[PDB]
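Engineer: Residue strings, one per chain:
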Amino acid sequence: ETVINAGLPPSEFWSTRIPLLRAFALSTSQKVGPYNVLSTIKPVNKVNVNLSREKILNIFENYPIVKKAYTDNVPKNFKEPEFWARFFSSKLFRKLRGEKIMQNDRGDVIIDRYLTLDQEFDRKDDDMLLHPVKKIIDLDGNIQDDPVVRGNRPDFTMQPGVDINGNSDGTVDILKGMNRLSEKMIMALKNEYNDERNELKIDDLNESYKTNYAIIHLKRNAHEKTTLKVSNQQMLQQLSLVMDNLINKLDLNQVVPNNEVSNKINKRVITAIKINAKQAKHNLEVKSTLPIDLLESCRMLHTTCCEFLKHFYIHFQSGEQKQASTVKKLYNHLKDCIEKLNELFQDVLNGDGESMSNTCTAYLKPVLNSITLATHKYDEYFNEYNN
Amino acid sequence: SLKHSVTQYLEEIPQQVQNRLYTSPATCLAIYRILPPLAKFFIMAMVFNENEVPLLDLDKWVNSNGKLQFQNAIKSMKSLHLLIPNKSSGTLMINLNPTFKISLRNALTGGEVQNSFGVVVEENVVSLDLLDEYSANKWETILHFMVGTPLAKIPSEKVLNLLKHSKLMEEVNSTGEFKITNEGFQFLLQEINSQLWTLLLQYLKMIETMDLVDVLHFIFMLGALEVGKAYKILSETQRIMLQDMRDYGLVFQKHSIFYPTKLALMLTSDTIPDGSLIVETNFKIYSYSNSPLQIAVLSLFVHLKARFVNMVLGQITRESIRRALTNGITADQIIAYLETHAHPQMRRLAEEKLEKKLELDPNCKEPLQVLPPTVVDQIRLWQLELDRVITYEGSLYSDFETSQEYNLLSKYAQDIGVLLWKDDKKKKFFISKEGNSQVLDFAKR
Amino acid sequence: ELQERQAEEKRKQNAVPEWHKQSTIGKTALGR
Amino acid sequence: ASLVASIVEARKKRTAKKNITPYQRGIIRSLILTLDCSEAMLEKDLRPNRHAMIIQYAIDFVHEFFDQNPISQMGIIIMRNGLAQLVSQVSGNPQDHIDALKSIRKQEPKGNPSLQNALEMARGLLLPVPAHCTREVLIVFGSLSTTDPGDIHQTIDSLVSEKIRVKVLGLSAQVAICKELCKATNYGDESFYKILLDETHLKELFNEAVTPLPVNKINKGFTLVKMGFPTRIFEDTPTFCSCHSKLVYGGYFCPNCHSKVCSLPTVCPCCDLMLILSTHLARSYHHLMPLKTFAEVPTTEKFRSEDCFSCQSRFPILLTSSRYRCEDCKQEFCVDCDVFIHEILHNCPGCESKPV
Amino acid sequence: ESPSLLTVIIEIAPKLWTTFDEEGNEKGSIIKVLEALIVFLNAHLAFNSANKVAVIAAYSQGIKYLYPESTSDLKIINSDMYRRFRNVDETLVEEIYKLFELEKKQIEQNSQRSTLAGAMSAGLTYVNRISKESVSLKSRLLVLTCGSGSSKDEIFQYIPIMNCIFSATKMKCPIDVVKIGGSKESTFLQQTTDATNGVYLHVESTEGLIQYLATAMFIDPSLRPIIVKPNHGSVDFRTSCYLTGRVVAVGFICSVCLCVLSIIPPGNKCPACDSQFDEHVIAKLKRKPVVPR
Amino acid sequence: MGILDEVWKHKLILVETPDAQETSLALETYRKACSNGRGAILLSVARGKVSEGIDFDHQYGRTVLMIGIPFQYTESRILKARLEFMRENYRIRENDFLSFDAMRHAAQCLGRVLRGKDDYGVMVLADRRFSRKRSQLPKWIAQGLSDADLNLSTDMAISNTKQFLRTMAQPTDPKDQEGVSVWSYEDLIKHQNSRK
Ligand SMILES: [Zn+2]
Ligand SMILES: [Zn+2]
Ligand SMILES: [Zn+2]
Ligand SMILES: [Zn+2]
Ligand SMILES: [Zn+2]
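Line by line, the protein sequences give chains G, V, C, L, Z and A.
Here the first sequence stands for residues 197 to 240, 245 to 393, 413 to 446, 462 to 517, 536 to 639, where the numbers follow full-length UniProt numbering.
Here the second sequence stands for residues 5 to 213, 216 to 239, 242 to 263, 267 to 282, 334 to 507, where the numbers follow full-length UniProt numbering.
Here full-length UniProt numbering runs 274 ahead of the position in the third sequence, where the first position is 1.
Here the fourth sequence stands for residues 96 to 413, 422 to 459, where the numbers follow full-length UniProt numbering.
Here the fifth sequence stands for residues 21 to 92, 106 to 168, 171 to 328, where the numbers follow full-length UniProt numbering.
Here full-length UniProt numbering runs 556 ahead of the position in the sixth sequence, where the first position is 1.
Hints may be right or wrong, so weigh each one.
BS3-like mimics (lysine-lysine), calculated; alpha carbons at most 30 Å apart, straight line [what the hints assert, rightly or not]: (1) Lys419(V) with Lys284(C); (2) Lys384(G) with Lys274(L); (3) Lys227(G) with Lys201(L); (4) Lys567(A) with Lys289(L); (5) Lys183(V) with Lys295(C); (6) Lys731(A) with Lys420(G); (7) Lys278(L) with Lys567(A); (8) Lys334(G) with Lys605(A); (9) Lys278(L) with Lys588(A); (10) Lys274(L) with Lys588(A); (11) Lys304(Z) with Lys321(L); (12) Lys605(A) with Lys420(G); (13) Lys278(L) with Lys718(A); (14) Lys112(L) with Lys429(G); (15) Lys258(L) with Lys319(Z); (16) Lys112(L) with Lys334(G); (17) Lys205(Z) with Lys108(L); (18) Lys137(Z) with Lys397(L); (19) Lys201(L) with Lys427(V); (20) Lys262(V) with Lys142(V).
No lab work stands behind these hints: they were computed from the structure.
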């Protein structure tokens, strides 16, 4: 209603709805944090494993080799479902899962071709993580503190396990794999999107934190609301009179009225009750006599009129003279709305024979008064400024 | 039904007698309190103004929400004739009873009261030691006689005559004993307030020729009196009534001055727990009560086995239930007593059971049953056993010459509701003894 | 939705019969 | 001794209450309430479960918050599946937030929490807020781990630059990042990170957050805010409302554009002017002139009267005198009134009665 | 359906009635109020047998609970009336005599500030006491004030009076106010009635006061939802400026202290908390509306 | 077995490796993970490079899980010869020295978690053989070991740990430590006066 036929600029319409735009943007602009996707993948003859696009995307991000194989093969040789069925059966998934590879069992011929490539990525990733470390936790210097240290070499319990042939059993490789995975996850956090001294100090021994909140003292004084004093002798005499009346006796039966003010009192009380009862008798939208078609049209005209009023006030009270032209354009739009409001009343007057026109005019009286009042203020201020 | 019972009695009183009942402000102050809150509001408005107000003005006061109450209030107010409807000049003017209006004004304004509230001698006595014990014992003595438990002193013939003449405590000379009835068990169930009104309400109906108005001037005036105070001496009929009231544990007399009792003030308005008990699946009873009242009432339908200082233990048995049922006690009343006198522990677990029932399936709201369902079913089943054999008294009709006559006579009995059984094939039917004479007369005609 | 349906079926499998919901003494006795 | 044990414990409880000074507080608040709905919140440590109890207390908190902060605004965020989900925009209508919270009560919580996503969402929600409002974030954290897409430390630095204040309520134990967030964001104060120890303590923690937080001396944003006091009008026929565009019997008329509004306090839909009644401002005056606490009178001296000044409750004679006097007016009060005079009322009747 | 407590607050001051009698032709009208109240209190005690009564009088030098009398007799009323009514009325009048005697002794004392607010706060404390002590009772406050006497300043009375409204709204205790005097409207007391589901009534003539009490102020808390209140005036919930004393529809409030201001304070500094406003920020408000050149 | 998959859901897993540089990077990652609230678990060797100088004050260490007594490899010729020399010369029993050697390493790791007195952590010794080594632990550690904690089960250990962690999260009362655990200048003078 406000953009297509009314002609309000699209940019202006969004000025008052920034939070709605921002809330919707952040909903689709946020992503979950990194996590070990392959650990959640449990094979669980028939084995049923369930996958989702979110997990598929996570696998690529956490493991570029999978993306390298996926991108160059899915459109070329076979469909994606075969690929993931092929990937899981392969030893690459077992190696990427941090599980020892067994020479007894072989997985996928196609995927295994990338095993050597991974050995190249790991070395490239090792340099991607290698960097100088602070001397505080520099374990390399501890062993290099004495370069000529020569004692008794540690027993086999203090060294990586080996097989009968003397080569590594391979259990150390998975330990590095999990260590590399954790290091990559933390590094991924630190993307594009003096200190030692503080840490070594004992905070508990320092002075306790002291609050620095400000105090306020409020003086109290104000003027009285803006649109014959008895003397002491009179007080004593009047006080004496009441004491004599009270001490002597108290009269209760005299409280009965004269029956002339009671009728006036009853009329006055009922006079207020009728006014309150009239308001109280009509104190989900309320049922309306207007037909549904007419009522919906009135709401559309009310909503659009209010939207124009909202925009007019923001620019009118902006305080910058650069928007004078826009005010004129909005002022012309307001004039058109007034004509449209008048036209609807004329259309309803002839269409409904004044039966619904009176009811329709009341429903739009508050907005009509506001619209004409808004124009009057614009004209009054325009008159003084221009002339 | 406290006010309803009292209000119902006041309606049957003739309007000519109702006017006399409003002469004493003491009665008016109580009759003013019994009306609904909305009714009291309007009465206080009309009392002090000497004018006539149309009913439409009264309707304006009430909001649309309270329109229904305005119908009950006006109907109840008009029934007692306190509100006099006068129609003139095309308008249904509304006015209050002049005697009721004058009586209320005198009391509220401190005017002459004609000693409706009595006098004071300033001879106060100790109430807790004697008045509480005397009336509690006197009210307990009649209950022990009602319950049937032995007790040396028996109530005076005045109340005893009232009990037998009343539906309460049906008696038979041939049996030579007194037993409680269905309403008698209900009487024992009613709170002390209603428990006192029932006997008094029966007393109002029992009395004949002592004027009807005088009896009400005394009973209502009794509530106005304050316990622990002296009052000089009263109507001639009230003197014998005062002695009569002394038999009900309402007024205490030293032997010139009469002293009301705690029950007198309790008549106007209202005012671990004693009597609470636990029911197990073994039909056992463990009452955390130390009081003859709770013990006496429980023995009606419970076979007591032992007792301690703080609690009483017993076991429900078919014999005890059968004895209670033989007296006319309905199983519904028994369960009501148990449900309304349940221990808090039972209620808490029962609430948990309801919460658990709703927790598993919150769609349905099962009833909150404090005691295990099996007990209710078995008690109801025992009731069914007593109702197994059904027998009627009457006459059997047969040997009908024509089917039309058989259908005519049988149809006639059905119309008057005296037909108990019929068979078209055998052309026979049975009718109740009550309708025998009516059927025979129709047969002749 | 299937898991919710399965949960609903599981709840139904555990629900007690109707006659256990209410005490069926007033109703007509069981039989043909 | 049992009663005396309460008194000595009461004195210890009163020890903290002795130090009361009129610290400056920000009455105009803009709170963003963040709730944790993750797998860790399915535990049974809170009956029936953490999610159920937290939601139930959230409803109570909303009622209390708007009761004592009529001219504030609130926004609700939840954590689910490692993402922050908006369920209620910043608004002054207590019913809209309550309705949104009720709907959340149904869905079962699952997934992991993400502080960075929640903080970033809260950062954006508070961007379009005036400079005179106090931007606050309340987080009900139950998990012991956080999974975030970026660097949390950068977000913490941004929050401080934006002058936002963060309060965190934990369930199990202290998290190092949460302590840093509550400390770096509160000018180094460490009292804004609270860990509950039972169900009862949680209710107190929620109730404490209702009161406005004291402002820092070096943080000055003083200014005058243009407000309006509309006059209520009664109409014979229903008319369209300017806020919801529906037929209503009557509404308050703005004094700047005469547009009608269904209820207050709300921003005028036409001139964007805040409509508040005089009563709403009166609801916060007790935070600017708090009533001075009462000090018990020793039994050594002689008391004034045997009956309480305010409630006429006869003072129990019985050890320690059950009487508390007001320094300003020197009138003894019973223990009962002091609780009622400092929780319900905020004015000493004795001081008012004394003429000047 | 349930008992309700009536706490009548009566504001008696020698200055208030002296001006009322001088301007009018009613002498000893305080007795008329007292006797009318006695009947009204008796009427309230007759509406139910479980309803209590509390009377608090705001005299020149403070407040006192006339009823119930403190634990710490002349014949002023006939002894032939109802015992319960007399037990409340006789004590009420006896304490009145003592209250007047004390005021007369300290007549020379200069009492400049009224104590109406203090009495209402004290009554609320009594309401809190009685409500919690017995557990299942309602409450209702009735204010009998003589506004004929010119007041010095009601500004300080704003905070205590408006605070009592919230407390009454928390305990569901409607407070009704009846004002007898010249001014038709009391901006503060009227807001008290409307904000608490109360009734505001202004009457010029003291005679026939019982009719007002029995018809307007007799509406008990039990039947409030079904009875339409007879209040006729309409409140606007406005406050006076801090340096001009005129009602303001649109104005400025200091964020720090929340004090209303019709115009920008001189010196660009708040006159309540001594807070200086930024010149640039205030300049925004001072800016005139944008108009084409 | 699949235990690690469950651990990965809560905390990152870092493991000490024979390479020194790789281990140093693990510590850097472990410290970064603990600081940002991600949570991390470090698996190390009691007689390794980590235990000989690396500290875990406050956040980097909140619980110490000693998996078994770090007993040396008894079937070692070098060790067996060393034990014989001490027995003959210094009259030290073979069992006593072996237990002392193992405990001196277990305690070594225990002391790398507390910095100051505002620091807290739970130390669990997971071995049936620790039940009789209470007298061999350091005095300041033995004093904190209650008689009820000498032999606990896993389920009972978790309940106590949860209670302890909850208790340590409350604001400490300053008066409880004004002059009983921390001394100001004025308090120190008082102590010098009473002692003198
Ligand atoms: Zn609306
Ligand atoms: Zn506006
Ligand atoms: Zn008190
Ligand atoms: Zn004071
Ligand atoms: Zn200020």
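Engineer: Does each hint fit the structure? Answer for all of them.
Structural biologist: Against the structure, the hints:
| no. | hint | in the structure |
| --- | --- | --- |
| 1 | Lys419(V) with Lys284(C) | holds, 17 Å |
| 2 | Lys384(G) with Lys274(L) | holds, 26 Å |
| 3 | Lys227(G) with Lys201(L) | holds, 25 Å |
| 4 | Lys567(A) with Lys289(L) | holds, 24 Å |
| 5 | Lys183(V) with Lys295(C) | violated, 39 Å |
| 6 | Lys731(A) with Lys420(G) | holds, 24 Å |
| 7 | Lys278(L) with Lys567(A) | holds, 24 Å |
| 8 | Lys334(G) with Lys605(A) | holds, 16 Å |
| 9 | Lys278(L) with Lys588(A) | holds, 19 Å |
| 10 | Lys274(L) with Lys588(A) | holds, 16 Å |
| 11 | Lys304(Z) with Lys321(L) | holds, 16 Å |
| 12 | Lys605(A) with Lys420(G) | holds, 24 Å |
| 13 | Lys278(L) with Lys718(A) | holds, 24 Å |
| 14 | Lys112(L) with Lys429(G) | holds, 18 Å |
| 15 | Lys258(L) with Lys319(Z) | holds, 23 Å |
| 16 | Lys112(L) with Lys334(G) | violated, 48 Å |
| 17 | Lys205(Z) with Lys108(L) | holds, 26 Å |
| 18 | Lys137(Z) with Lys397(L) | holds, 28 Å |
| 19 | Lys201(L) with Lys427(V) | holds, 20 Å |
| 20 | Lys262(V) with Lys142(V) | holds, 15 Å |
When the structure is compared with the earlier hints, violations turn up for hints 5, 16 and for no others.
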